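Below you'll find only one chain, the form deposited in one PDB entry, shown as structure tokens.
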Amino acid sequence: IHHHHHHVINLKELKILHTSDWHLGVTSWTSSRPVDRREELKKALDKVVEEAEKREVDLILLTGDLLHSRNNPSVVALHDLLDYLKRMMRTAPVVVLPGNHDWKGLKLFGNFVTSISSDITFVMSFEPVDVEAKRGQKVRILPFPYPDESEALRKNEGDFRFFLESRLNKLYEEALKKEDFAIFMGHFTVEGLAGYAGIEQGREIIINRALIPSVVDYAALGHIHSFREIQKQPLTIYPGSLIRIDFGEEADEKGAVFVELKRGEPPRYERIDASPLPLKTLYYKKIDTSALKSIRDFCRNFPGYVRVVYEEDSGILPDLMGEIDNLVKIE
């Protein structure tokens, strides 16, 4: 059959897959016990792709840091990225808002790929773009990337805040010129976060959630690893990362977000859980005989990675990382 977009008359519905912060290419705990997260990460990504196809989404939104390396991504990481970008494009048109990009190679690539394809669009400026979704829906994207060049010469703080607000105001005005659906995409830290939300840094863009153009149908955000429903009007969501990158993301819930829009009804969304490996931190004053019993017992059938935190040395520690392949950090 055909492989192009459908064109349904008077269609006022839009199914959206939104995921972010893949951190392709990451290796965790390099200073204690390096663990390549690739296999786990690819599993999570596969599950997201499968849910996208199953739910037959109309549009796929990618925000946040899809790569882990800010300047020097490995070939494997790049290959994995382009591979999954391609897998998603087969499902539905993809819109990519890159995060903190350092190397200039991305901008040329993004522009060229956008110019030759109708199933992927890279938004790398504050300029709104109109895109066509899987079933012919017209969608206006209001992009808000990490400011470049001006962010280096951002001083003073006062004028930088006014620059940001001005960009948001312009985005608001252009959102009023929407044909059908309008979606905001941003890569920054919402003011007043409380969790993780911790790291950073980095040089971060802080933006009040009330400044996000209220007249958009959805506000797709990235940069933070934890899933957060920022607000409901307009619906604003950080999907979070797909794996637990470090132990500050122990209590986090990881995955993507499925969003459905109807022009008469309020927006609804379901979480798509990636079910990544769990993390656990064990706390002790000293690693005594009781603590050894506790540590060995817990790690025994624990399916994820474990960190042990203690206060004081009290003799030669047994080779715990030797007998426990699960243990990745004793500080």
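Each form is matched to the other, and the largest set of C-alpha atoms that superpose within 1.5 Å is called the rigid core. Numbering follows the first chain given and starts at 1. Compared with the form deposited in another entry:
Can I get the form deposited in another entry as well, since the one above is the form deposited in one PDB entry?
Here we give the lone chain, stripped of any partners or molecules.
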């Protein structure tokens, strides 16, 4: 058969796969017990790809930090990124909003790749782009990247806030000039995020969720590790990461999002669970004989990674990280 897009007359539906924050190349807990997350991460990524093919999505949205290293990604990480980029392109057209990166050639290569393929689009600026989905649907993309060049704002918090609002207003005006569907893609922190620990060694951009253009069919956000349904109109979702990067994500549910849009109907979405390895933190005052029993008993049949937090040294501690290959951190 053929392997290009279909063209269905008068089709007013759009199936979306939105995944985010892969962090390809991460090794966790380097200061205590380094753990290469690649195998677990590739397992989760395969699960998301398989779900995209089964549901026959029309469009794949990629946000957040797909690479863990901001400026020196390894060859293996780059290989995995390009590998999984191709695996999605074979399924449906891909739109990528690259996260916070420094390299200045990356925009040129992103524009080059976009120019030579009709199945992947890199949105590297604030300018809107019209793309074509798997079944011919015309989709207008409203991108809100991290304001590059001025990673140092070079201005007070008052002109900057008005600059961001002006960009959001322009995106609103461009979203009104839409054909079929319109999707917002943003790389920032929604104002007053509930249960959001804080910036993980980085400068954060804060945007009020009401400033997201209401006339878009979906708002695809990234940069935060935890899934969050920010609002319903417009439906605004952070998908979260695919693995639990650190123990702050112990209680998180990890995966991607399947969004279905229908003209005339309200949008609906399902969470695609990647079911990565679990995390557990064990708390003790001192590591006494009672604590040693609780640690060894829990870790023995726990299929994930364990952290132990204690207050005071009570003598010499046994080689717990030797008898327990599951124990990755004792502070």
